[PDB]
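One chain comes next, on its own, written as structure tokens: the form deposited in one PDB entry.
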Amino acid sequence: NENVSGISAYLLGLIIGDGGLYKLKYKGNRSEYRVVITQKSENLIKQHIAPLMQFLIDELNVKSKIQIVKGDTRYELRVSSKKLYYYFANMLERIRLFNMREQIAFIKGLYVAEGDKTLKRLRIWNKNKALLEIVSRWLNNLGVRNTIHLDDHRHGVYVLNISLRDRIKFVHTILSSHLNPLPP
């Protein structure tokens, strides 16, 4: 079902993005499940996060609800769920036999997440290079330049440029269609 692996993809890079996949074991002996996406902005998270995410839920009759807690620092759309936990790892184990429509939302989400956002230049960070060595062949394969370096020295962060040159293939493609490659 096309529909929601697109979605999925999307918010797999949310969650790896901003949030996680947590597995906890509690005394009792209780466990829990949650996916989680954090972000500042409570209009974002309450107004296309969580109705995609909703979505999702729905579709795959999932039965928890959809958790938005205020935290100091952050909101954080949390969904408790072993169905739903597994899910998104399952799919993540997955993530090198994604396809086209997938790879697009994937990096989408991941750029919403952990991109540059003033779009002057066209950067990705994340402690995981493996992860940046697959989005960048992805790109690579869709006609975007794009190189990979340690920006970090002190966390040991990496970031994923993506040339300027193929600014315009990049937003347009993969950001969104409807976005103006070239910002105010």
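For the two forms, the rigid core is made up of the largest set of C-alpha atoms that agree within 1.5 Å on superposition. Positions refer to the first chain, counted from 1. First, how it differs from the form deposited in another entry.
- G143 shows a C-alpha shift below 2 Å between the two forms [criterion: core-superposed Cα displacement of 2 Å].
- Taking 2 Å as the criterion, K63 does not count as shifted between the two forms: its C-alpha moves by less than this amount when the rigid core is aligned.
- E42 is not among the residues whose C-alpha shifts by 2 Å or more between the two forms once the rigid core is aligned; its shift stays under 2 Å.
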Contents of the next structure:
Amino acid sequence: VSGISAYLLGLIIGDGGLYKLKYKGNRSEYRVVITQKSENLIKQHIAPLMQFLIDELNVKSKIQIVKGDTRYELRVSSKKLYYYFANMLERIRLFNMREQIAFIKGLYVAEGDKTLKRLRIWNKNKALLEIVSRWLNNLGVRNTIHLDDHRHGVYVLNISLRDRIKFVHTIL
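Structure of the form deposited in another entry, please, following the form deposited in one PDB entry?
Below you will find a single chain and nothing else.
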């Protein structure tokens, strides 16, 4: 439950998001989203995990899977769920060991090279990557961070190559 949550939040941060969207007038909608190219990844892997959490937290919201062109989206319009993840992201620094690994696994599953020829994680939020970088060093995986897209300020986290097995070995 702690691992699942951290994992899902890694997926949401990697490629998805937490949104408060306008419905009508001053009413807003609290939407938790996770995008993944592969329909079955969401279908046979991510949905089950979210359903469990959803049910564990007593969110009456249902999961909806929308197919955009090329990619799929998993949505859950829930104020409680949105906030549940909001606080998790606030106290990320207090993440325990099992949560840190889970978080990192979702971050790489979100936008990482499934081929493992390239081991990178990208984010416009440097401060988050650095706390991730420290989590990796702590598990003995060598890694580097450096501004990738300067115009849009997107930093990249690279896992040293002489530590590829170490990474898959530690995050699994």
